[PDB]
Amino acid sequence: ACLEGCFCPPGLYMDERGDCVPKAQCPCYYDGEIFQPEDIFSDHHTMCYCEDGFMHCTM
Amino acid sequence: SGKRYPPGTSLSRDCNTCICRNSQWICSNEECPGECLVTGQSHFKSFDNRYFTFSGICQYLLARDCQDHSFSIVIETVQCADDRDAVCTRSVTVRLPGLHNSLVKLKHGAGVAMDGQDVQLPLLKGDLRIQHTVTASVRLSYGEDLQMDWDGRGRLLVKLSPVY
Amino acid sequence: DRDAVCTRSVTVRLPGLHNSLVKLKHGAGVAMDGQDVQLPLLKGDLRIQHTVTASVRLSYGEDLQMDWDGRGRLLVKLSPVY
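Residue numbers (PDB author numbering), protein chains in the order written: chain A, 682 to 740; chain B, 353 to 516; chain C, 435 to 516.
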């Protein structure tokens with residue numbers, strides 16, 4: 682719905698640590714794992730990275 | 353270390369004490385706790401104060417009790433930047449056959465997960481304590497013969513007492 | 435006063451999943467079978483997550499909701515299947 686509470690402007694999205702931040706340093710939550718905004722990441726067979734909040738996996 | 357001390361003094365290494373008598377420091381030989389260490393990219397330290405490096409990408413064992421099976425630790429390594437010579441630690445797994453044969457998992461943040469379930473810190477079960485240290489780093493403590501440290505960005509430590 | 439009896443904690447029970455025992459506590463905390471839990475908690479059916487980051491919201495299936503029992507404003511939402 683259209684709820685009531687404490688938000689912050691649209692350019693800013695919420696961080697875990699009480700502040701809200703732009704989507705530049707908005708981490709990824711891949712498989713639960715809280716990856717930092719720049720974490721290149723791969724097993725032998727996959728290839729994955731966190732860009733701006735979304736987790737860009739390939740194969 | 354290139355400086356003099358009078359006789360009868362007792363300087364103390366971290367391990368034990370030593371006393372000067374007739375230009376000959378006497379010393380004890382009682383064991384003192386070891387520290388395996390992982391940090392940086394792939395730089396290890398053994399309990400016996402060795403250093404080396406091994407940039408493998410799989411789930412490797414790190415430590416284990418090997419005459420009985422009180423515990424077992426398992427690191428997991430991944431490439432961690434564009435280069436091939438950059439293999440940082442992502443997550444470490446811990447296992448306690450003495451309590452449910454559970455399965456703890458330190459994750460790439462400051463988070464922990466028991467048997468898939470995320471958990472708020474602290475976590476006083478019977479033996480093992482898990483709590484923040486500076487509110488930026490986890491610290492497991494099973495019994496009095498085991499410690500750990502954060503595996504978020506990969507600076508795993510241990511503390512084993514001489515019972516092992 | 436004697437005429438002031440607020441809510442401390444509410445307990446929830448699901449015989450359909452382990453016959454578990456959820457417990458909403460006087461903060462914004464939750465405890466499954468004694469174990470504290472970080473939010474969210476996607477098990478199969480029930481979802482538990484913050485709402486404004488100041489109030490929990492259980493959601494079992496699509497026929498059940500809840501609301502925070504920290505300082506005592508418990509709600510429910512039951513659909514007409516019940």
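A couple of the hints might just be wrong.
Said to hold, decoys possible - Computed cross-link-like contacts, EDC-like style, restricted to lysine to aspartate or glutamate with a CA-CA straight-line distance of at most 16 angstroms:
id	chain 1	residue 1	chain 2	residue 2
1	C	511	C	501
2	C	477	A	697
3	B	511	B	497
4	B	511	B	387
5	B	477	C	467
6	C	477	C	467
7	B	459	B	479
8	C	457	C	437
9	B	397	B	382
10	C	477	B	428
11	B	397	B	497
12	C	459	C	479
13	C	477	B	387
14	B	477	C	496
15	B	459	A	700
16	B	511	B	400
17	C	511	C	496
18	B	511	B	383
Since the hints were made in silico from the structure, they are not lab data.
Consistency of the hints with the structure:
no.	hint	verdict
1	C:511 with C:501	holds (9 angstroms)
2	C:477 with A:697	violated (22 angstroms)
3	B:511 with B:497	holds (7 angstroms)
4	B:511 with B:387	holds (5 angstroms)
5	B:477 with C:467	holds (13 angstroms)
6	C:477 with C:467	holds (14 angstroms)
7	B:459 with B:479	violated (21 angstroms)
8	C:457 with C:437	violated (26 angstroms)
9	B:397 with B:382	violated (22 angstroms)
10	C:477 with B:428	violated (26 angstroms)
11	B:397 with B:497	violated (19 angstroms)
12	C:459 with C:479	violated (21 angstroms)
13	C:477 with B:387	violated (38 angstroms)
14	B:477 with C:496	violated (34 angstroms)
15	B:459 with A:700	violated (22 angstroms)
16	B:511 with B:400	holds (12 angstroms)
17	C:511 with C:496	holds (10 angstroms)
18	B:511 with B:383	holds (13 angstroms)
Checked against the numbered hints given earlier, this structure breaks hints 2, 7, 8, 9, 10, 11, 12, 13, 14 and 15; the rest are met.
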